[PDB]
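Full structure from sequences and hints, please.
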Amino acid sequence: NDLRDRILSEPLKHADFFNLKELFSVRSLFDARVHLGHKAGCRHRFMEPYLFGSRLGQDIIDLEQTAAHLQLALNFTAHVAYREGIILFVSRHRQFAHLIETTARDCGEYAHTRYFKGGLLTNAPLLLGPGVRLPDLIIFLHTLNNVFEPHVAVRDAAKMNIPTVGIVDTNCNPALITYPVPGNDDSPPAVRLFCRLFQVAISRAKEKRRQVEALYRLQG
Amino acid sequence: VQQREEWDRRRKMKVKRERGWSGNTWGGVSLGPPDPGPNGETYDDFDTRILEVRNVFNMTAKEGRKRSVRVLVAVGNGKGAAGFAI
Amino acid sequence: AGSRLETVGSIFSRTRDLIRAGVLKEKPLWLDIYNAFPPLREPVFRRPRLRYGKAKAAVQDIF
Ligand SMILES: [Mg+2]
Ligand SMILES: [Mg+2]
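Chains as they are written, first to last, in PDB author numbering: chain Ab, 55 to 274; chain Ad, 173 to 258; chain AS, 2 to 64.
The set of hints was computed from the structure by calculation and includes no laboratory data.
Treat the hints with care, since some could be wrong.
[Said to hold, decoys possible] In silico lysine-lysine, PhoX-like type, Cα no more than 25 angstroms apart, as pairs: (1) Ab/93 <-> AS/57; (2) Ab/67 <-> Ab/260; (3) AS/28 <-> Ab/67; (4) Ab/260 <-> AS/28; (5) AS/28 <-> Ab/262; (6) Ab/93 <-> AS/55; (7) Ab/67 <-> Ab/262; (8) Ab/260 <-> Ab/75; (9) AS/28 <-> Ad/251; (10) Ab/75 <-> Ab/262.
[Stated by the list, open to error] A short list of chain Ad residues far from chain AS (calculated; beta carbon distances all over 12 angstroms): (11) 174; (12) 177; (13) 239.
[To be verified] So, partial list: chain Ad residues that the calculated Cβ filter (under 10 angstroms) puts toward chain AS: (14) 210; (15) 211; (16) 253.
Quick reminder that beta carbons are idealized off the backbone N, C-alpha and C, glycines included.
Written out as structure tokens, the structure is:
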């Protein structure tokens, strides 16, 4: 029990416990076209602080703020995976649906890139089963559906008190997302980079949970 | 015959409900603790009160006037947490 | 059981208030991570008002 408290509280005392600072950098993000955005006309009002500027009507996302947000997002993602937490990948975009679905399978986590039913997260007992454990974290690789409206899971997750780590483009609403990561979600190199970063972040969290467990077993 | 007479005497009497805001309205009448949740959680500290009961009529093709009853209640534990719903 | 109001405040604000109230006796696992590692901006709901009048955007042109 006390040692069970020790292993749960051990990674809370180190900011760089998982050594995630070496996975990415400003140069790495730049080559993935993460600093590009939509036209100036589609600029959402809440994304103004996260915009470095506009280049000939094309918004440019400030990667310096992206790196600060992404560092916390990956750090937060690993810790909830370390504590045996359910992670759901949600992305309603019909160009990376297979890639995101395969990404979750490799990490061992769940994905939902299909049509989102109305009463899924809220009326969980009727949709899924009598006793269902709700996901402890939701990852949004795209916060918009195919009709350019905010995704339902963004609103429902806030109702059920489920933290959401979602990539927000220049036309998204980061208001309800607790860990927004301003970036590009349209270019294939950008979307592939985010999946791989969350692939290694989960795998390291799963492995380092097992390593400390082995040390605990030989402790007593 | 005495048993049947006793049975009649035990049916005329009606329990005096909790007096609400008035003698006939349901405002301020408590309904007891809310039902336990699907996870087995029990809420006996919470108490609920009725704030407004009003009959609502709607026009339907077949029946005509479809009377429906809506109520607005508030729940609270007395420790600073309370809520309302309809 | 919980609070389902989106506009009252952040998920963190409602969770710690219910726990302090005494209704939620089982602390969620993600709560401990949140206290140690807070995000840059607390997720408070805000209505996307449309800009009227002489007010313009603060985004600078890249030249
Ligand atoms: Mg986009
Ligand atoms: Mg009277």
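Hints, verified against the model:
1. Ab/93 <-> AS/57: 17 angstroms, holds
2. Ab/67 <-> Ab/260: The given pair, whose Cα atoms are some 19 angstroms apart, holds under the 25 angstroms limit.
3. AS/28 <-> Ab/67: 19 angstroms, holds
4. Ab/260 <-> AS/28: This hinted pair holds, its Cα atoms lying about 23 angstroms apart.
5. AS/28 <-> Ab/262: 24 angstroms, holds
6. Ab/93 <-> AS/55: It holds: about 22 angstroms lies between the C-alpha atoms, which stays within 25 angstroms.
7. Ab/67 <-> Ab/262: 15 angstroms, holds
8. Ab/260 <-> Ab/75: 18 angstroms, holds
9. AS/28 <-> Ad/251: Holds. Residue 28 of chain AS to residue 251 of chain Ad sits at ~18 angstroms (cutoff 25 angstroms).
10. Ab/75 <-> Ab/262: Holds, at about 16 angstroms.
11. 174: 52 angstroms, holds
12. 177: 50 angstroms, holds
13. 239: Answer for residue 239 of chain Ad: holds, closest chain AS Cβ roughly 30 angstroms.
14. 210: This hint holds: residue 210 of chain Ad lies near chain AS, its Cβ roughly 9 angstroms from the closest one there, short of 10 angstroms.
15. 211: 8 angstroms, holds
16. 253: Where the cut-off is 10 angstroms and the nearest Cβ of chain AS is about 4 angstroms from residue 253 of chain Ad, the hint holds.
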